[PDB]
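S.K.: One letter stands for each residue in the lines below.
Protein chains: 2
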Amino acid sequence: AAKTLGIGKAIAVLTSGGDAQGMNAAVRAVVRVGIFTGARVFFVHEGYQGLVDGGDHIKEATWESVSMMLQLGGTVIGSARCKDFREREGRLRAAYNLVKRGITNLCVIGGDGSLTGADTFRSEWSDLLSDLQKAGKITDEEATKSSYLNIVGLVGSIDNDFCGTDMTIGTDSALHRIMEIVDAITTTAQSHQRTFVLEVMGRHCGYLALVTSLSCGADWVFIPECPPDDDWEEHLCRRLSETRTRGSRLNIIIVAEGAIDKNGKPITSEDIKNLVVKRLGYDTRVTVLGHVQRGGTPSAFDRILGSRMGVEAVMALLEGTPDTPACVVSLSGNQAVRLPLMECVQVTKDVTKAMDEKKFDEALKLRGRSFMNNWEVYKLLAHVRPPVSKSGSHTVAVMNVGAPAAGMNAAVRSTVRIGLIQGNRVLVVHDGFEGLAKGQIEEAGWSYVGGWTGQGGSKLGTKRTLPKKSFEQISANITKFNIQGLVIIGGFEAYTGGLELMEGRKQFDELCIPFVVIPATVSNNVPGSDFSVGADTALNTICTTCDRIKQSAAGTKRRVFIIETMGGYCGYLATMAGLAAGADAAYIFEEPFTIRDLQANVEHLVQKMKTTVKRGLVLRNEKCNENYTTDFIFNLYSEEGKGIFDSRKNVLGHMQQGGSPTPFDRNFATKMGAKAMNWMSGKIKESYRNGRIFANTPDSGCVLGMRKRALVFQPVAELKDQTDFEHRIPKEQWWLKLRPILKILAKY
Amino acid sequence: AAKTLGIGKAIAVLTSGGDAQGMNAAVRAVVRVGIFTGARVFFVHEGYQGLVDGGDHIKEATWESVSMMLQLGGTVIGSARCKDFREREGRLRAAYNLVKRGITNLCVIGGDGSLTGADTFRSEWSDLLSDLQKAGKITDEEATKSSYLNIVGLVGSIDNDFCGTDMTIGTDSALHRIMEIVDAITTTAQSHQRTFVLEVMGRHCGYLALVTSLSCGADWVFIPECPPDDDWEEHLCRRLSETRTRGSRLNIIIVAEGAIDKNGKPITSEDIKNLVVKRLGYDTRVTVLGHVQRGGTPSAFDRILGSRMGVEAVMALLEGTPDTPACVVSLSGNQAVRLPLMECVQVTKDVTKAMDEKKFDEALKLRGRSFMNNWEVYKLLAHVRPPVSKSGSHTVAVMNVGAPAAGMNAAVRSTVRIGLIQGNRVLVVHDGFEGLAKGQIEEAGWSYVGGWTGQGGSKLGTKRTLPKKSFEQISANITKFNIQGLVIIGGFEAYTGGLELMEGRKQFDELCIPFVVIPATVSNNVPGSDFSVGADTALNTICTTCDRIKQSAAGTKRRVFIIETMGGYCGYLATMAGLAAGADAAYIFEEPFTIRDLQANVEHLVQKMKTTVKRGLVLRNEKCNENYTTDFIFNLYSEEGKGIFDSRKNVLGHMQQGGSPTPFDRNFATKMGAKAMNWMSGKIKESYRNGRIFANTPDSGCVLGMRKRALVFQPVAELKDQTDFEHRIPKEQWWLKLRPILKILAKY
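First to last, the sequence lines map onto chains C and U.
For the UniProt record's numbering, count along the first sequence from 1 and bump the result up by 7.
For the UniProt record's numbering, count along the second sequence from 1 and bump the result up by 7.
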């Protein structure tokens, strides 16, 4: 309780399965946290093989051993394909190499096949002692390591197939890969009507394929769990040509690998290619990404996620009793959870069976939840339509308020579309609240948002300015254009501006409409949401340049980098980028520091720069402190490290945050942009009374947000007391729970 | 050894005599150092009176009691005129109030009459126990405080009369006063031939009067120790009119108070006034400064000097044995010395007697040394002449090299004059070494330096540039203008440039002449001299604005000031101004500081700002450190003192150092400017061989400098190893010996 918890304990880690970027982070974590907890940590080179083999394939991990591992893609402990471990003629000898080295806790990072082989290894572990007792080693060992086999399944597979885990390691980075490709395929097709047919990964799991389609506006997709029952080819080519008139350049048909048809006679990305060339005769071009989806460098998220589980695993190992079942650490709602291994397995296999028989409804369901939504939403945003137009339709407006963010356009896109798909009218507002005000309001036709999903910045224009000081003009406009509901995509001043709207209801009867704030800020400072749109993008930005700055044309080795992140008062970035990059320190506001500490953070990095570490990272929140500025931290770090090392200072500042959204932000921005519009339509129906809408309840004025396992509408006003208005941040930020983890990873 | 030294000891201080600015510093010191040394310190209000009286006139001193006392003129413990103490009917009751309070150590700051009354008080202390034993207090006290009476005479009198002390308290500040007056009288007389006759202080001691004359170019002076034997009135008026033709506006006849004639029938400043009006009939104007020479604020020096003696006294008290004689702390050669009280007295009175009889040669001598010189020099620089012109005269050049300084012109003045007065030729060089070089060389007639003594900056022009790179042109010029010796007034690059000259001797036979560097730099960084010309002026500058910044139109009380001094790497100023102003800290190069300390300097000032102190001073050498800059020290001081206090930063920088010289620098610049020229003339005679001079010895290439009690010629080369050339400073600076004192005064 602690440091004393894993004293007299040892653990071996092992990286089975295919390479999934961020496995390396998991490892690191596991190691660093293992050691930390007084335990000893052993590597196991080459997956289950080094377990089976032993000897030179089981080497002890040091702290210095896992250094510079966060930012490396694939697995460095090694991943093999041992099929000796799938039979008992090899599990025994692995069990031998385990009790021979004296081990009770095993960490297996892998996918569905690697987490099931350790599952059966826990269950068939009782008898492997009595069998490896006929001549194995002394029976004084089996009476000292009995029903004490602890194994934690850390899910690692670029499939996202494993069920029981919201995310798997790598799945984000893989998405990035796919995305960069499409991001370079989509931005060149200017000549002929090029129709790329990109076949992605996915053995049985349509995830990547769908997510990618929902992040690139794929013209059509094929996924395993819901194959295209019946005559579709006419549909697809009726739709590729339906898409050609409407005036379109390129088409992106995404193909899951496990692509199958109604019956099961699999769809082939070439056969597709053929169909469209033979049917429509466009200049088709098949690409099979393949094993480069496992490449590159892990995304911020995957470096974060993998530190999290790798801490969770360690925890779960050392908190393992004879009576405790087999353990699979995995995210859910944004919280670390220990999930029973066997159920996780037994169920992550039910889907395969449910899909083997023609019951694809059951397959869709067993995957279900979000997956089912993405599907629905994608299609619905993938349409060619839209419907026919009524007059008793409510008319919605959508706007951008605050600092721009990656995903603003993606939201916008989904809001309108979804909007229009209800048969409602969608108005669009240029330049935030200066929008209803001046009157720069247009009507949005299905096309208006065409292919925005990927575009970064703000296509409508976003301004920070607030509604109150001009309530007259805006109320006047809500009536003139007949606005009936607001959807506000943006940062703190959307929430703020929202709260401002509530007050307007007292003095004006027009603003008595409902509104939804969708959080879109780089800073992730908006109350009542764990995340915000544009965060991941900014964070991936910072994290990248942090790694590219971890080089510099130095006249010599030994050098320290102090880097000031952005984000006003919110340490999110700093903290997150600080962890994703593995900074010795991330100074943030919410965690105030005294020089007394500041000193000891240095009288420390120096002691490492004097040894193991050759490059040093100090992150600094742009406002974490008024006096201990960039220049103070810097200079301090400099002097103390005179002779010992060199040191440069880098202020990233706000390096054009209008670049291009990462998949996540696109999805996030698309999902919400549907989720709200839907809600909104329901709130406008319930406040229609007598030929006039009247939303005067607190329920009609909300910020949609991420809160644990579910998205949630929370009224602005209910959030007042949850938010610090001086620093424009929320009270209680979930990720402060990570600060320590960032700290022990630095060895504190 | 220590802090334990004065434990079980008490001391009472007393401020007798007339108000002498910096007595207050002496006090402070004495107190602060007394307490420090584990002792207890008692005030004695109203001179010897509060001693005689007692009761409410002897109050215990705290640390907070002597706070903000450095910069206050006069005495705050109080000064009276008790003539009860001059008879034994009152010395007893003082002795009673002493052993009644339980005291063994007495500190008497005063002048000749106050240091003699304590002298006789020590000697007539043996019997005052047996007499105040007939009914005084219990005889168990006289057997516990016997031959244990310790008294230290700290010399304080604006007369400088006391002999045994190089300087007395106030004497500098008084000079300043006189100086400001003349400095405002001298710079207005533009109408008629105004002839001010300023009568200064000085009962028996011609000091002030002479020094002032030697710092203002008095047309004539009258002093006690050498009265104007015989017909002088014709001389003075022969000389005032001799001075009127030559084309002169104003005349300043300085008059010592004790002004007497041959016989003793005193000279009267009005009688003078009369003589010149009746004899020449100019529009005379008598001013009698009087008791405003005791006014104003103490000069840097006097605040420094008084901290020094006041530490010396304390030392001398606690290191007093029954067998040790009476003690008079006083400067000599620039070092604290304990001088026997009775001898100091017995001799400082011999002069009075030696002057009472018509033996003014003996009076002049008993004063003697420097005094005798000043006299000689003044006259010689006061002449109206100069002599007649030979051709076998050696021709000297004088130049300014480096950054300008107050006193450059004063030197220049004396060098030439003295020069010419030997019947030698003096050339003058514009713009340092760019001087012999280009050829901007003029001949200086006696007038050329007329009334420069007071002018600040550099009248010839001073440039830093070095001779080597252009030896050809300068050697070529030394021959053409027939230069035969160099006199270099300036900073480090004069010394440097000097060393450069030595090397030139090897390759050139022309530069084989002798040279003298006279140290003229603001920074006091020139090796082989305790002081440099322009220092005092710069220091008085910094010290002044430090006090004027100790005010600020703050919206509230509680405020800290960080101030960056100048002087390259040399902490002189910083340190000195840091002490003269009483800064909590003076960060300097020569005393390197680690944040570890830096912190504790703050985790300290704060603890005082939280109580006793309302205004805080931090001094910082402009380069004391590369990283812990102004901005670092500042910010650090700020944050830590958040709430507790406020804080501004002030960089004084190099606020036009071409202002106007303080008396000291003028004297110093005048004295040397004679001292060298004399030496120089002797070196040129000894290196004249065969119609060509040849100085190839190391003795002909020297920097004149202050080293303890005497000025000394030291060869450039001999100084190489005494000087740090990277930082352009001397190794071993005398005043680092003060750093601690500055530190305990701040309470460390």
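Among these hints, one or two may not hold up.
Identical chains share a label here; the pair holds if one copy fits it or two copies do between them.
[Said to hold, decoys possible] Below, in silico cross-link-like pairs of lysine to any residue (SDA-like), each with a Cα-Cα straight-line distance of 20 Å or less:
hint, residue 1, residue 2
1, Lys-617, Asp-516
2, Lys-445, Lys-727
3, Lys-564, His-390
4, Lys-152, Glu-479
5, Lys-360, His-390
6, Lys-649, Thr-601
7, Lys-366, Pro-235
8, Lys-372, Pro-235
9, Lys-649, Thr-637
10, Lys-16, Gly-430
11, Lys-630, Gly-650
12, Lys-564, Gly-511
13, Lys-152, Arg-88
14, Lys-656, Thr-637
15, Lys-90, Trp-741
16, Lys-682, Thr-486
17, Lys-617, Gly-81
Hints are computed from structural coordinates only; laboratory data are not their basis.
S.K.: Hints first: check each against the structure and report whether it holds.
M.R.: Tested hints:
1. In this homomeric assembly, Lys-617 and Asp-516 never come within 20 Å of each other (Cα to Cα): the closest approach is 69 Å inside a single copy and 56 Å across copies.
2. For the identical chains of this complex, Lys-445 and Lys-727 are neighbours neither inside a copy (29 Å) nor across copies (78 Å), given an alpha-carbon limit of 20 Å.
3. For a Cα distance limit of 20 Å, the shortest separation of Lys-564 from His-390 qualifies neither inside one copy, at 56 Å, nor across copies, at 71 Å.
4. In the homo-oligomer, the alpha carbons of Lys-152 and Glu-479 never lie at most 20 Å apart, since the shortest distance is 77 Å inside one protomer and 93 Å across protomers.
5. Taking the shortest Cα distances, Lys-360 and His-390 never come within 20 Å of each other, neither inside one copy (31 Å) nor across copies (122 Å).
6. In this homomeric assembly, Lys-649 and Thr-601 come within 20 Å of each other (Cα to Cα) only across copies, at 12 Å, whereas the closest approach inside a single copy is 22 Å.
7. Taking the shortest Cα distances, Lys-366 and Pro-235 sit within 20 Å of each other inside one copy (13 Å), while across copies they are farther apart (132 Å).
8. Proximity of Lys-372 and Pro-235 under a CA criterion of 20 Å is satisfied intra-copy only: 16 Å inside one chain copy versus 124 Å between copies.
9. Taking identical chains as interchangeable, the C-alpha atoms of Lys-649 and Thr-637 lie at most 20 Å apart whether they share a chain (18 Å) or sit on different chains (18 Å).
10. Neither within a single protomer nor between protomers do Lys-16 and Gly-430 lie at most 20 Å apart by alpha-carbon distance, with minima of 64 Å and 99 Å respectively.
11. In this assembly of identical chains, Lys-630 and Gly-650 lie within 20 Å of each other by CA distance solely across copies; the values are 19 Å between and 29 Å within a copy.
12. Taking CA atoms no more than 20 Å apart as the test, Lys-564 paired with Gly-511 passes in neither setting, with 61 Å inside one copy and 44 Å between copies.
13. In the homo-oligomer, the alpha carbons of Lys-152 and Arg-88 never lie at most 20 Å apart, since the shortest distance is 28 Å inside one protomer and 98 Å across protomers.
14. In this assembly of identical chains, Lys-656 and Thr-637 lie within 20 Å of each other by CA distance both inside one copy and across copies; the values are 8 Å within and 18 Å between.
15. Taking the closest pair of Cα atoms, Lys-90 and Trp-741 never come within 20 Å of each other, the shortest separation being 42 Å inside a single copy and 83 Å across copies.
16. In this assembly of identical chains, the alpha carbons of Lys-682 and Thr-486 never lie at most 20 Å apart, being 26 Å within a copy and 98 Å across copies at closest.
17. Taking the shortest alpha-carbon separations for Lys-617 and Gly-81, neither the intra-copy value of 30 Å nor the inter-copy value of 58 Å comes in at or below 20 Å.
Consistency note: the structure conflicts with the earlier hints numbered 1, 2, 3, 4, 5, 10, 12, 13, 15, 16 and 17.
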